[PDB]
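6 protein chains.
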Amino acid sequence: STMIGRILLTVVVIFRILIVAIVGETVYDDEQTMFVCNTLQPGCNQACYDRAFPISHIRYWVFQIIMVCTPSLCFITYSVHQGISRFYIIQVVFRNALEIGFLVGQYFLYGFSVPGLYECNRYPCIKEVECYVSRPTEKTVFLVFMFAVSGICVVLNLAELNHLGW
Amino acid sequence: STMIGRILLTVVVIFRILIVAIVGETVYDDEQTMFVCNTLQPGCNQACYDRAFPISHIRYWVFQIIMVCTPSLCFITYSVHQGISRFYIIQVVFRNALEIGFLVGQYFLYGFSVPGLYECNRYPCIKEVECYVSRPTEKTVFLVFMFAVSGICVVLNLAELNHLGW
Amino acid sequence: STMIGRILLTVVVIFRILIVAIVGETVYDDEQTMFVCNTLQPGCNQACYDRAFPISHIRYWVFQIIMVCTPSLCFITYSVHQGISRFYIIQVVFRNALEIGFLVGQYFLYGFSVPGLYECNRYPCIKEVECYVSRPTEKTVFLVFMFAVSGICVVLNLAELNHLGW
Amino acid sequence: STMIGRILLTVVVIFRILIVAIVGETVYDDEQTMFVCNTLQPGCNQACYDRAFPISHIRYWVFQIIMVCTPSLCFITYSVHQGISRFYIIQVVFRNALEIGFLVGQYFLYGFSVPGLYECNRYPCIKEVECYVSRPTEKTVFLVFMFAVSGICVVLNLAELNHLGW
Amino acid sequence: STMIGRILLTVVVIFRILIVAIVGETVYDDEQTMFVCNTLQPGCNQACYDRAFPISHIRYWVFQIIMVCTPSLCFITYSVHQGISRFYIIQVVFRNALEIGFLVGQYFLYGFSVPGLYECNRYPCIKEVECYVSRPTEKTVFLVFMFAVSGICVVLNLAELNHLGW
Amino acid sequence: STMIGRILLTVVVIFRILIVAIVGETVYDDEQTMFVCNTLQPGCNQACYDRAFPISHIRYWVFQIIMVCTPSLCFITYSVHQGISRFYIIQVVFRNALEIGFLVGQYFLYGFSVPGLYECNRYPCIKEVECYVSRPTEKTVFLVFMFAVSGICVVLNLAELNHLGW
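Protein chains in written order, with PDB author numbering: chain F, 19 to 100, 194 to 277; chain A, 19 to 100, 194 to 277; chain B, 19 to 100, 194 to 277; chain C, 19 to 100, 194 to 277; chain E, 19 to 100, 194 to 277; chain D, 19 to 100, 194 to 277.
Note that these hints are calculated values from the structure, not bench results. Among the hints, erroneous ones may be present.
Said to hold, decoys possible - Listed next, the in silico SDA-like pairs over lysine to any residue satisfying Cα-Cα at most 25 Å (straight line): (1) E:238 <-> D:53; (2) F:238 <-> A:58; (3) B:238 <-> A:229; (4) B:238 <-> C:234; (5) E:238 <-> D:52; (6) F:238 <-> A:228; (7) D:238 <-> C:56; (8) E:238 <-> D:235; (9) D:238 <-> C:234; (10) E:238 <-> D:248; (11) F:238 <-> F:35; (12) B:238 <-> A:256; (13) C:238 <-> D:235; (14) C:238 <-> B:57; (15) B:238 <-> A:227; (16) B:238 <-> A:228; (17) B:238 <-> A:241; (18) A:238 <-> F:54; (19) D:238 <-> E:235; (20) E:238 <-> D:226.
To be verified - Simulated coverage check for chain D against chain E, where a stretch passes if three residues somewhere in it have a Cβ under 8 Å from a Cβ of chain E: (21) 53-63; (22) 71-80; (23) 90-98.
For each residue, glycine too, the CB sits at the ideal point set by N, CA and C.
Hey, can you work out the whole structure from these sequences and the hints?
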């Protein structure tokens with residue numbers, strides 16, 4: 019039961035990397051060119067887009083994917099250059208911490224949906240203005256799916272922690 | 019008779035992978051930039067495009083392609099790390208289920224054609240408006256072809272299910 | 019005399035694949051953005067382009083190239099997994208049939224030239240309107256060249272069929 | 019003296035292929051989007067561009083590069099599958208003929224310069240109109256350089272023909 | 019304690035290279051097309067963009083990444099071609208110097224944030240004008256993160272310098 | 019002292035290759051689309067851009083990079099096919208000549224800076240007009256850096272010439 023957990027963990031991790039590398043690069047491609055606000059102000063479009071989407075989903079996901087894979091490279095470099196079980200335990204702890212932190216950060220940054228309308232009141236805009244997002248449903252689907260995958264990985268890492276940890 | 023079926027399953031699967039990777043990436047390239055509605059409303063174009071095409075065909079097809087290939091990687095990782196016939200049976204069942212689910216989902220999401228006109232009545236649009244789709248015939252051809260290929264794969268997997276299953 | 023024919027068949031097949039992969043991807047790149055109609059109607063451009071070019075030449079050619087190479091992969095998978196001469200004969204028959212069918216289909220779909228003007232009378236256009244095609248001469252040259260190459264391949268396959276067949 | 023000719027021929031051939039693959043793909047990138055005519059006629063821009071540049075330089079050069087390398091693949095396939196000196200002589204004759212034909216065709220199609228102005232009188236344009244070409248000097252430089260390289264290759268092939276031929 | 023420092027130095031270096039190669043290429047993609055100024059002057063947009071962003075962040079970072087890796091290639095070429196400890200010491204000194212210089216240069220060129228507004232008074236603009244930057248928050252995040260990573264690398268190199276140096 | 023010179027020559031050459039291949043391809047990407055002139059004349063933009071930038075910097079640099087590496091391939095092909196020291200001496204002389212010629216040509220074509228304004232008086236423009244260049248500072252930095260690198264390579268080649276030559 020604990021044996022299959024590693025196979026499912028590696029498969030989900032590679033699955034996530036593949037999804038992000040192959041499909042995510044192109045849903046967000048036109049994020050800002052298709053974002054439009056009802057206004058005649060130069061620079062209101064830029065300001066309101068920046069306020070609505072401070073960091074794009076795909077940037078956060080690439081960063082998270084790369085950062086949650088760093089203990090593996092550290093352990094590999096340590097072993098190739100040269194306790195070792197001590198390294199295994201610490202890298203497992205670190206991966207668990209990183210994945211819980213990244214999941215919580217995703218929840219706090221983005222929530223669970225991307226709405227189609229946005230109300231912005233930042234300079235140079237005059238009082239509050241209404242702006243319109245491109246492809247909200249697809250981005251919501253991607254958000255929910257990525258949350259599910261990250262939850263799966265967190266669950267597996269907690270499983271292994273409780274299996275080895277005392 | 020059942021022997022050649024595996025070779026034809028492998029060939030159809032690789033054929034589908036190639037078709038999606040080489041051709042699908044560029045029929046849908048201009049899906050939203052060429053989508054136009056008869057209106058003077060900012061944000062009506064975005065809303066009506068999102069309502070007409072919630073998830074693009076090529077996104078669904080890439081996701082399906084990746085998801086219907088996961089039992090193979092699971093089995094491979096299980097064998098490389100280390194009954195085995197039990198794994199073969201379960202992964203066959205899982206592939207069958209996944210392909211039937213994906214085919215039914217395709218039918219329920221997209222139907223059998225992509226019309227050239229679309230009637231949309233979502234905010235910020237004023238009552239119902241008419242919008243025009245880009246490349247409807249090519250997308251219809253792609254839809255029908257992919258449905259045919261997925262049906263072929265489902266048929267083959269059911270064949271093997273009934274051959275081994277009791 | 020029949021020996022060199024196989025070498026020339028292999029060379030023409032690889033030649034065709036190379037031509038399509040390297041050059042064809044970029045003549046058709048701006049097919050719809052440069053297509054223009056003399057009208058003030060929203061959506062007439064989309065409708066008339068779709069009626070003039072239901073499936074782009076390069077899509078048909080990529081599909082044909084991939085489909086005329088499937089017997090080779092089938093035979094290879096059959097041999098790697100494990194009469195064999197029976198497989199050779201059947202795959203030769205199948206390749207011949209596929210190439211004659213694809214050549215006839217090309218002739219029936221596209222003809223021998225791409226005109227510079229197109230007259231369209233599809234909704235939402237008001238009566239018949241005139242539209243203008245981009246790069247007609249280059250596309251005509253490509254059409255004629257591809258027809259010639261496909262004819263060469265058909266001729267070679269019929270030659271070998273009559274050499275082996277009785 | 020005849021020994022070094024082979025080394026210089028292979029080096030010039032690879033040099034030409036590299037130049038075309040790395041740099042030529044991007045001088046011609048904006049050929050039609052930057053082409054402009056002094057007129058208010060829809061479709062005059064397309065017609066006059068097609069009349070001024072029936073086949074783009076880079077398309078002809080890629081086709082020529084691929085076609086002048088076909089005897090090498092034919093000879094290689096003939097040798098891998100299995194007089195041989197007879198094949199060497201014939202492929203040398205064929206390469207010579209192909210390169211002289213391609214050089215003459217280049218001269219007859221394009222000349223020695225690309226002018227900055229073009230005068231066009233094709234339908235739908237009203238009488239003669241003036242159009243303006245993008246990047247004429249760079250294209251002239253490329254034309255002259257490619258003519259020089261092709262001349263070098265022709266000279267080398269004639270040298271070797273006269274060395275072996277009687 | 020000094021042993022593990024090398025593993026983290028190599029891992030941080032590869033981490034930084036990966037981040038720059040995979041994600042940085044596309045935040046800055048639309049830097050100038052989305053930059054807009056409140057004016058009716060031709061050429062004011064170009065002048066004010068050039069004054070606000072003389073060298074793009076990603077250009078500086080790629081240059082720095084490549085330049086801080088030159089001692090490694092020099093040492094490798096020296097060893098493959100053929194004291195050696197003398198080379199190790201000098202290349203360590205050189206890497207330390209290069210990374211401190213690059214960090215200070217980053218601080219002096221860019222600071223710690225990218226503001227959303229810019230005030231420009233360069234010809235051809237009439238007196239001072241206001242311009243608006245695209246994606247300021249993401250660029251600020253990237254700036255701060257890269258500063259942190261470069262600081263980490265500087266710290267590690269100083270650590271090892273003081274470990275070996277006397 | 020003369021031993022390390024070869025290592026530094028190979029490292030600087032590879033460094034230059036990398037800089038041109040990775041970063042230079044994208045500073046010049048929008049060279050003509052962002053070039054603008056203060057005028058209402060069709061075709062004045064094209065003419066004045068062509069007069070200001072006859073050959074783009076990156077085209078010259080790629081050509082130079084490829085041309086200064088041809089003696090190496092010639093020598094390699096000569097050795098693989100089969194005095195040899197005579198070849199070494201001649202190829203060194205040829206590389207020296209090529210690099211001095213290319214450096215002088217760069218100086219005569221481009222100078223040491225790219226100005227932000229350009230004054231053009233070519234047909235179809237009416238008398239002299241003012242045009243505005245995109246990204247002048249970055250292009251000036253690139254110019255100066257490439258001049259420095261090419262000077263370094265020239266210096267090294269002259270060093271080796273005088274070391275071996277008499």
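- List of violated hint numbers, smallest to largest: Violated hints (numbers, rising): 6, 8, 9, 11, 12, 22, 23; every other hint is consistent with the structure.
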